[PDB]
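The chain below stands alone and is given in structure tokens; this is the form solved without the partner chain.
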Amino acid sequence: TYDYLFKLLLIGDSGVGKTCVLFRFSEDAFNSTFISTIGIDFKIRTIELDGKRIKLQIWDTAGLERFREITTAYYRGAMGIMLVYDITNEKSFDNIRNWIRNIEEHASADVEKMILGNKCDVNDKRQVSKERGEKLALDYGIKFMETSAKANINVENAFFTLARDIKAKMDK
């Protein structure tokens, strides 16, 4: 079985790497061919924290605008949300502010939030400095990490940290 079940959501503009982050976390693999998510998808992985078994039910939203009705319906049950942008795409970083408004208008007001700056293996095409990502997350009081699904950087750490913070809030 499991001791806790945490429903998690990945949100962010299309193309930032939500599906590849989840594929790395659930299957420890990376595919370079862009296959945009249609509607929604999910993966399930159970981790251990403090000797407790935490089942992570992770919903991978479709970032394309025409799927917003489906994304919105998945906000209510969520306990933690990854807000993903692409360090090579300034617009996806700008839009983190709008994804935050979306979360706070629909999700439970207590939902745990974390910002991921993905594709940090592509330093040659970086547009969003790490300093600016840290500052935005500081402005919102949110944790922040740069990740790479391709090189498997901070993917484990992002999900384990988010789960730990959800568990800490529950255990208090």
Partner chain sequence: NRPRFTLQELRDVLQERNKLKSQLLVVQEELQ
Contents of the next structure:
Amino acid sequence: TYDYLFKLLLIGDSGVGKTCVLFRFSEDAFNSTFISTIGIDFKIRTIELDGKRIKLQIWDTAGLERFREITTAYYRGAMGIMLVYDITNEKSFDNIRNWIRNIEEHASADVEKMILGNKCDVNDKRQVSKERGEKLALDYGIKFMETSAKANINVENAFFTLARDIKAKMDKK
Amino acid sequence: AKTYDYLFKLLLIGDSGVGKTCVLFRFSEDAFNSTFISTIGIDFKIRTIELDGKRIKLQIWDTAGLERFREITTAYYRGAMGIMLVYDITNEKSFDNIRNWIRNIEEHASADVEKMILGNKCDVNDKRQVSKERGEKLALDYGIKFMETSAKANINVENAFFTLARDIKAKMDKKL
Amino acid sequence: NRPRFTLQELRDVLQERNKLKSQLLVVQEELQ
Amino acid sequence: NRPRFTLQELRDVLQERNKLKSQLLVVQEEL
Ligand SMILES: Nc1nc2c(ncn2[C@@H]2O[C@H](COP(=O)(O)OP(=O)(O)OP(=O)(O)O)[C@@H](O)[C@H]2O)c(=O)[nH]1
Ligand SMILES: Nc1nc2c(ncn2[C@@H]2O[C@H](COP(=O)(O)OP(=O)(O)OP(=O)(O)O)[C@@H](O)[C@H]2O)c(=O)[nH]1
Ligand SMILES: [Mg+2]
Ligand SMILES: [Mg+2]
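After the form solved without the partner chain, can we look at the form solved in complex with the partner chain?
Starting with the chain above, the whole complex follows.
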């Protein structure tokens, strides 16, 4: 079983790679087919940290506006949130500010947040340099990583870092 | 490891509100709830019966009657081995529509599917709109078995499903 | 109320719900 | 094609999907 249950949430524009990032984390695989998420889904993975068993319940939101009411319901319980954009889609990067506003409206003020610039394997269509993602995260005081579900870059690192940071804050209380 | 010797796929069709879900609730849970919760698309329930010393798993698909769900429900006709066509004896229009449901079976189901017409709500005869004679005559005209049922009063619900399943099994045994 | 979701969207969720119901029964098999 | 179903209609199926998912994980573990 486990010692802690961490509820995580993936948010961001439709098509940025939220489901594929989660599929890489839970199944260590990637497929190029786009199957847009209908409302919400979740996956479970249990990890070991500093002697404790951590059950991660990871909620995967649909990015399209028609699912707003469905996805809004999951901000309240969230202990960590991944804000995902697509490095080949500057509009999805600009929309990170809107996703942050939704976190501030509906999530706890102490929620752990991390920005993921996904699809970093697609440099031939890049629209956002990594420095711009780092600066956005810095201004919000949160961590940033460029990830690739396809090339298996920083997906494990992102989730373990978020869980470590949640555990560290919790342990200190 | 298998908990059955045969698996039969059954299907309930008919107008919204005639009692398809209540008939299945009576069959699979032996209970009745009068609060109408109209089916969203499709659902199914399981009951395993014994015929000729064989374990028969009945997987019973319960369709929504409302026109808005037709596109969802018609995909479940093809695999059906037996189909209950349900009307409400207090609702003449649901009885008239049996001819339309028969046409939908011809279009979407297997040519040799077993069929049975259920005139449901036979516990409420004060509000009865369709005589038993008229129900028998319609079924005779189409060459289909007929029973009047009541999910509320527990009349002929087991009889209907047992009979349909026996008819499916006899044909399977006929082809050995 | 206001129509918001397509036939494909509802169908897909219904099929997953159906699949999970069957899977739940077959794991429940374990009455071992 | 076009939108047809309501928020409550999709939601009720999603909630049941979620409940079955969680129940399946409990029984899978019981092993
Ligand atoms: N090259 C490349 N393609 C990716 C990567 N991640 C996701 N994709 C592709 O991008 C498309 C969208 O991926 P999804 O994970 O389904 O997007 P989503 O964010 O879950 O979208 P919604 O569910 O609609 O909110 C799919 O075709 C993926 O195959 C990646 O890291 N590299
Ligand atoms: N008196 C009486 N009422 C019944 C009987 N069976 C069902 N009803 C009532 O009729 C109403 C409709 O029943 P349902 O089983 O939900 O109807 P349905 O055919 O499944 O309708 P849809 O799902 O919309 O297609 C319910 O509120 C029941 O209480 C019966 O045998 N006798
Ligand atoms: Mg998705
Ligand atoms: Mg019903």
